[PDB]
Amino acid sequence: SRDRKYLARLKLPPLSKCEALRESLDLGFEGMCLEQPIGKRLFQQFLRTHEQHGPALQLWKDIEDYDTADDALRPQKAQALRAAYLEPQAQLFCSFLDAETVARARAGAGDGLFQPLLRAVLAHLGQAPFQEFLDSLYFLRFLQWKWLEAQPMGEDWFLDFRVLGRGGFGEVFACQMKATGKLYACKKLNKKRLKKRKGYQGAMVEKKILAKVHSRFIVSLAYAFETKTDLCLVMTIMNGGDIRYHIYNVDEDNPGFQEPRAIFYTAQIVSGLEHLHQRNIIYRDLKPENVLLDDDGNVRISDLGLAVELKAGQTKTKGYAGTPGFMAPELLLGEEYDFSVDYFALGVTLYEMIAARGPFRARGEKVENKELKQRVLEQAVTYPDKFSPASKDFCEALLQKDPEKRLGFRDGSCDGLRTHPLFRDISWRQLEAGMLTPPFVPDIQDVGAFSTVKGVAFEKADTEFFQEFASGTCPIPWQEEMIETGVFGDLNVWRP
């Protein structure tokens, strides 16, 4: 239900304790009032109580409302937006805009109808309105909230209550943040085992990535902390079960997804790959057992241990890594490679979703990595009658052995891929916004211990890696937790 002891420690502090934060912090408008949820709220509360900024705020709200409205209501909403904010005599008309910006808004028509208008509003709001905000109690309230965000919230704050899964380095428990009662998944990594098997680099890249990236198609890191025996990641709980499980379990006699389900999962995965690729990350571990369903039937990618962050200027990488059967020819051959490898994995995943087997080996056949390698390099993929002509087409485009001919990430987006006929019946606008009804709404045993790890002592280098790994609370998710969970509502009161 949630713990008295810990709730009582979520309390906005006195102002004098926020003097430190005041300076050593990001004053950035985009960072404070656009990307950080509490930051956003407080900024909008500020604009709401200053009458002059009413017309900007409402346009802002009304644009965000329009971006996620249903296709039915849109034309109507698009008109009411133009009628309220873009006619020189309307009550909430927006002086601060160019003629050229107001003109384009009135005349636009398409996928990103009001994104130039939103950019203009945000640019305006980022000027004086923001400067006034900084000079106001609402900004100070933000600091109180940031102060709280930075208070220690380590192992004591989470209650493991059941086993969700098992990794190479530890179990993954369902757990509750005792203060707010929110449910998370807590992936535990045994410190001695990590050392002995030399999995530190892998552990760090997963945390670095889950930390920095915010996408509804990638599991999100909330907290990182350490216990005496383990490193712990607290992340988005996914109770649905991995895709692979559902491919073989939905029908034992007739395994595989009906195509609309496989296209929905494919679209969601793609959108996850695109968020990674836009941030110069190569996943390198896409495959059915790493795609998780949540309580509603929505998927996200997971297991980022094999991912590589490309540096500034770097467009390619090298390194043998991945699961046999999903690694692209480039990778197998030892060549330099980019994001293409992930699209090759995508195709093998789509394949398996449809056909209940890999493109390169029959169901329940043992094939050794050496042989499975030559298959991937030399074998033409055959497609059984199970596949529609659209799904054959798409896989063929992803299974292209030559990366340069492979479909995928061009011009900083996946928009090319999205127009492929397979997605004919998908509102990408809505998929990305999290609105579409998923196709199948869903509805573990504890093994005990991992074997003893004899003869492993820690050096300072090990301890530093652990303190570095245990970097604490991630702002955006914590702030999200505070809001969804009611704690923001309670503590942000002025006079109840």
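Residue numbers count along the first chain shown, from 1. Between two forms, the rigid core is defined as the largest C-alpha subset superposing within 1.5 Å. Compared with the form deposited in another entry:
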The other form holds:
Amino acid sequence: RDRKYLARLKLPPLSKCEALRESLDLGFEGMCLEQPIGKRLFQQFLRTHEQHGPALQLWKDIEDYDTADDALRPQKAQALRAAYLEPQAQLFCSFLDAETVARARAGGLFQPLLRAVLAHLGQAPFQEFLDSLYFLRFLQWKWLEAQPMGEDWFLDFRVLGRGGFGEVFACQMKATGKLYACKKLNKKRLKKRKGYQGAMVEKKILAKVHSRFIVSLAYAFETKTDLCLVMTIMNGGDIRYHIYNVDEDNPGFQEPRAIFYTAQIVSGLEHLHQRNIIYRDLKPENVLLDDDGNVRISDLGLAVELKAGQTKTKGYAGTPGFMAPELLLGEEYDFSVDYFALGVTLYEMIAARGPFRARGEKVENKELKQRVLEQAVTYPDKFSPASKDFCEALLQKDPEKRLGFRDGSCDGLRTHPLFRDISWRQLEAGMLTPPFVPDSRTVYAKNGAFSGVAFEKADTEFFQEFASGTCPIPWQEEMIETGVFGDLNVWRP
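Moving from the form deposited in one PDB entry, what structure would you give for the form deposited in another entry?
Single chain only below; no partners, no other molecules.
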């Protein structure tokens, strides 16, 4: 915590928040459930108002049940029912309908109960929160969230990697001490190579999605020479490095490790697909490891957000060897292209080569296309029966026959025998211990450089729009995680 910048984190007088009161989305789900500081303040409100004690405690107890160890869940289920649902219980929740109480006592246990609790809280209690000091305090935090926090607030201290338009640095937010990755995009190069649209798509997607399986955007700003995206630091290298460059004589992963990453990637794909986004660039090098060994998908510049009521799109984009037949054939396509790419990615994790080309085999584009469109993939012994079936189901040429996103989720896919030893609740909650933990002393990265133009208003306005500033949810997470929320939200110190 550099004190100069820490000192600029101060809550404003209430008059300064009046514009925000009119401009913000202040809906229940968006404010009190999704935004961490909103949720904290709403729960503080409920905690100070006796009437709402039962409801608050039931809510917390369901959320605790949902992330409990399997060994303790039967206990927690019995304690919850005894506390809130049995006839004369001391915290009996009078607001619940009889069906919901009945459903809750029999036998995503409590997911219906949670929906009912949250539905209750979004009515009278939310209205009372809006008429409380805690709502005004939320507005003060939103004002602070919106203040300039640009290049001066970040200390770049190490190069993490090299992209097409600049380096990615390990950096520290000076006020809080939180470590991030800062991806720099050189303005002149972006302009020269007509990279504006791609840069903006990546920024917009990373800003709007919130998943433990996708790198999160916390800040977007500009300097004289660069656009900058401050995002989750992934210190563990990329899957490509780990397939080939750690144990070079024996490349590839053991099945359990490959399956674990597959399960995480699938969860990230699902999250995009539920938001009508097609990734279009899944491959080992775009999947990054954190220092715990959990992975996230990254590099979202080729992604497409389908319009409202848009079921399919068109356009040639992606990496040769990962692009699905329907894309290569120039047809309309949807999320299915990403599942094709997942099959290729799993294949490579196990085989240490791609399904269509041997090591060192370099072919004309036309030949690679004909192989992806027509050639039957072959599977060595390394592949267990479950691995082969799964790959086969994902590498199907016809997208209508391909395994993937069905009925608004990947639940169908999750039931595949490949995932027999994966506990999905704990995977999705980030509870499971990864099979590989990167060494903090080790850098999991590879050790040539490339060879002027005035900017006009059109360029500078684009850079200004790109530099949208601070993303609400990650910023609020940072403030809470680093202790600044606790420190500034004091009432009587």
